[PDB]
Amino acid sequence: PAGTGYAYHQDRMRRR
Amino acid sequence: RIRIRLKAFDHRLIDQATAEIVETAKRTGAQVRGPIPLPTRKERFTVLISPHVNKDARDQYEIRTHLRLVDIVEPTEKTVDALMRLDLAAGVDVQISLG
Amino acid sequence: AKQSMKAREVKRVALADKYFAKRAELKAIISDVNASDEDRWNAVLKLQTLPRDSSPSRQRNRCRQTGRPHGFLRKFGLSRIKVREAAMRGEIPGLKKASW
Amino acid sequence: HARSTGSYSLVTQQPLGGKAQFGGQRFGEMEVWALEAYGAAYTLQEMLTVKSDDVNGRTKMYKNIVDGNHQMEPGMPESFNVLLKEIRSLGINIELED
Amino acid sequence: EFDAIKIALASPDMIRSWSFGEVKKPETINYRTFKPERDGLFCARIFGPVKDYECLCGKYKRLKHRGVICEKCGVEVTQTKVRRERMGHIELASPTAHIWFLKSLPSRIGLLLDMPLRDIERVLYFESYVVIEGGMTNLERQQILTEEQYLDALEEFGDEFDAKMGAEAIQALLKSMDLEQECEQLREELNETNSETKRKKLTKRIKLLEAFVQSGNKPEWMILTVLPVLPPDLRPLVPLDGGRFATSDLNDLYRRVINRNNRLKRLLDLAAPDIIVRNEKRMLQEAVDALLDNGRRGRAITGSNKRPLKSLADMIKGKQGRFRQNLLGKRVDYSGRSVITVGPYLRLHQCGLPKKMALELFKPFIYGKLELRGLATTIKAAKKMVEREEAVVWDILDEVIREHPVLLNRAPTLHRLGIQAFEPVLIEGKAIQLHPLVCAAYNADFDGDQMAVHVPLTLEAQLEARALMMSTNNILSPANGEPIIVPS
Amino acid sequence: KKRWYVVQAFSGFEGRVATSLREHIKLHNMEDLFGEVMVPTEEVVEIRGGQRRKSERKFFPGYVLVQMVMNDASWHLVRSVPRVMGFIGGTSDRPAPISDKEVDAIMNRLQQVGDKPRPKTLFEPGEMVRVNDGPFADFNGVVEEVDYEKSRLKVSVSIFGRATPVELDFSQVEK
DNA sequence: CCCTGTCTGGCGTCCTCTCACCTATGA
DNA sequence: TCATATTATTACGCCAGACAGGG
Ligand SMILES: [Zn+2]
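Protein sequence lines correspond, in order, to chains A, B, C, D, E and F.
If you count by this note's numbering, then the first sequence holds residues 1 to 16, one letter each, in order.
If you count by this note's numbering, then the second sequence holds residues 17 to 115, one letter each, in order.
If you count by this note's numbering, then the third sequence holds residues 116 to 215, one letter each, in order.
If you count by this note's numbering, then the fourth sequence holds residues 216 to 313, one letter each, in order.
If you count by this note's numbering, then the fifth sequence holds residues 314 to 801, one letter each, in order.
If you count by this note's numbering, then the sixth sequence holds residues 802 to 976, one letter each, in order.
Take these hints with a grain of salt, some might be off.
In silico DSBU-like pairs for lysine-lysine, Cα to Cα no more than 30 Å straight-line [unchecked claim]:
| hint | chain 1 | residue 1 | chain 2 | residue 2 |
| --- | --- | --- | --- | --- |
| 1 | E | 374 | B | 42 |
| 2 | F | 951 | E | 338 |
| 3 | F | 859 | E | 337 |
| 4 | B | 71 | C | 137 |
| 5 | C | 137 | F | 859 |
| 6 | E | 319 | E | 511 |
Worth flagging that the hints you see were computed from the coordinates, not collected in a lab.
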């Protein structure tokens, strides 16, 4: 949840 | 001594079974007694074949239960246990009895 | 036979299954010559109290397929007619037409 | 030494170590830190799930590479399931919620 | 797929729900043949069949009835990796308290039952008695009792009096410990005192007392009643080159716990006297405590020769546990390693990479390229082609290299400039040619150094190697503003 | 009066510990301070039929019973006997004797569980019998019919992919 | 009762390569 | 071969953390 995966974790944290 | 009572309706099948059992015995142990044929049970049945009435009209069926007495005189370690593996033909009720 | 008859038979069987231990015991008591008279009497009365369908001499052997009371055979559990059919079809093992 | 796909170890489904055993180079801990230090996230995900540990993930990967579709189905490291069995074999009850 | 990982205590119902069969016999394997033991540690019915979709003994040698269990085999019928997830449970005859909750500093059972560690161990190793709701006598609940203290009490309070010992007694104490009641008391005790030391001693006890009530963790779950066994696949029994089995240490630990538990069940069958079953339960307690965390008790047990054998907690902790050795750092396919050399003709986004390493690291891309053209048909044909190395696979190799970066890595990577991505240029040779300016980033001279190459497989990883980790992108050191591609 | 005590030896060298203990007694001639030395046996007899000799550790599995008195000299004597760890008791200062009734009950139970098992061996239709005494040995099977009056068990151990219902004895099989 | 020696546990660098050596007992 | 089950060396260097002792 830092690099390229920060967009993925934004998406997963938004979709809860 | 292990007495073995083979019972079946088909005689050929029974014979086949007996031979197999003998084979199983003879490789492992020694001095198999032998396949002794006991008397066959011919259980007969009469029935009226008409749905309603005609008494002289009849069918007479029977079931021929064959017996084969195989005996094993010396039960070794290897022999008795072997029985579990060697699978025989279906519709043959066997009945082993040590002593 | 009817469905109803079959049902009745089943019920009877069930009853028999249920009450066997007690009934048998009662019978034994009644028989036992080395026993009290009063006790025997009680046993006899006790038996009466129990349901009739509990008796095994109540249930009739019917065909397992059709429920036909007559023409029954024990070995097959079937009435003659059905037995014959089975034989013809090959459905009874070992059974074939006999001649001698 | 070089390795595309060789044998795999038994207790933790990761490649073997060394040269005589046809093995792969240890992508150690400080290299994991050095890829966290960039923003390389998919490179590290395939560097410790697809290329290394997950057995269904790497067979899906091998079919996808020989068919031209560069894509990974991630899954879970099997050695993390080994961690669950070793912690769970104590009196400790570790799980995975939701 | 899943959010947070939850950790809690393991109830005996929870351990029976994990399990698939009670591991009774300690007998590992047959050892003269190849078959295991029915039913020992490495069972059939409790876990699964060694062979995939096969009854190990004899039935189901095709794919029709997956599941049937005959009486001749006492075997399940599933996959070869099914035993790796399945775990067994050992019905410990005598209760044994966990070593992780008895000696953690501070002990979990030490600041919960308000009893000193020294006194806790005494009773736990059958060397001291403990009272539990005596009755109308002159004795406390936490106060312990010795042989002389019990003997006199035995003749005194022969009636309503309870004074057990070991984990059993401890368990009862924990079991009969009203958590909620203690909270208020502790809270009231903290508000009715001024003692600095006491305040800190009371706040540390009430913190672990209210935290236990907040969760679903019971006080009687500290003592182990249904010991769980790790999956065989995770405690592997492989033979080395020869005719003997190099057995793991956990099999020694589990086999001793099961040997002792069988002895203790037989002695409780036979009604042995008190001192025999106290030594027997004490040896079981020490065996369980040695299985879980070996050596936390007095001098650790050993098999061969004087070196102690490695337990479960030593499979977790340390430099060589699972975290630091298999989960944070892993061994990695599509990777290579060789000695570096200079090659100053390079541009600083590219490095030299040998043809032999290039044909080994890029075997699946070459297979995919060969299958696309139509030169071959099945995969086997392609593996024979690159095993023979014909004249046409080098053009395939120059067409899989072209725009595909690789991660070069010098072995002591200290900062992020020690993993950089290049484009390969193929080398007649066996040495990685590395552009010289980049050497001042790696701290790489050329006195015998070695570097590892890693291949970004997927497409997002090729783009991360080109857009974040490319060597043209690292021209300033991240520690400051100074350029790291300074001419050396 | 000499009371009993329990000694722990290296389990497996127990008869040699007992012999060395008797010999240390007759060396240091404290003959009035030792009565006996017991190692408890069940006398298992099955070395012939089924090579196993009734695999059962003759309880106790590593403990030596000594009729003794307690002086510190005799305590040092028993712990100076080789391959002896120490006594088993409440403490190491004054180690613990057993009792009277305990020892009595122990001996009685040994004999009972000894001689020949016969104490409620009603296998019944369940569990899994393991025949080992007689020809058909090293085999498992269930007992459909049980005959306590005839002291026989109608077990149908699976044989050649079937089931052979035979009548065996309680000592011929194993629960 | 607040300082206090004293004792007990818990750390101690990454990556790689070569070689040899592996429980006793026992009627 | 197939169950039986654990003893006669010392020689790191801090550095926290808990514990009985005493003015
Ligand atoms: Zn099977």
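Worksheet item: Tell me, which hint numbers fail for this structure?
Response: The structure breaks hints 2, 4, 5, 6; every other hint is satisfied.
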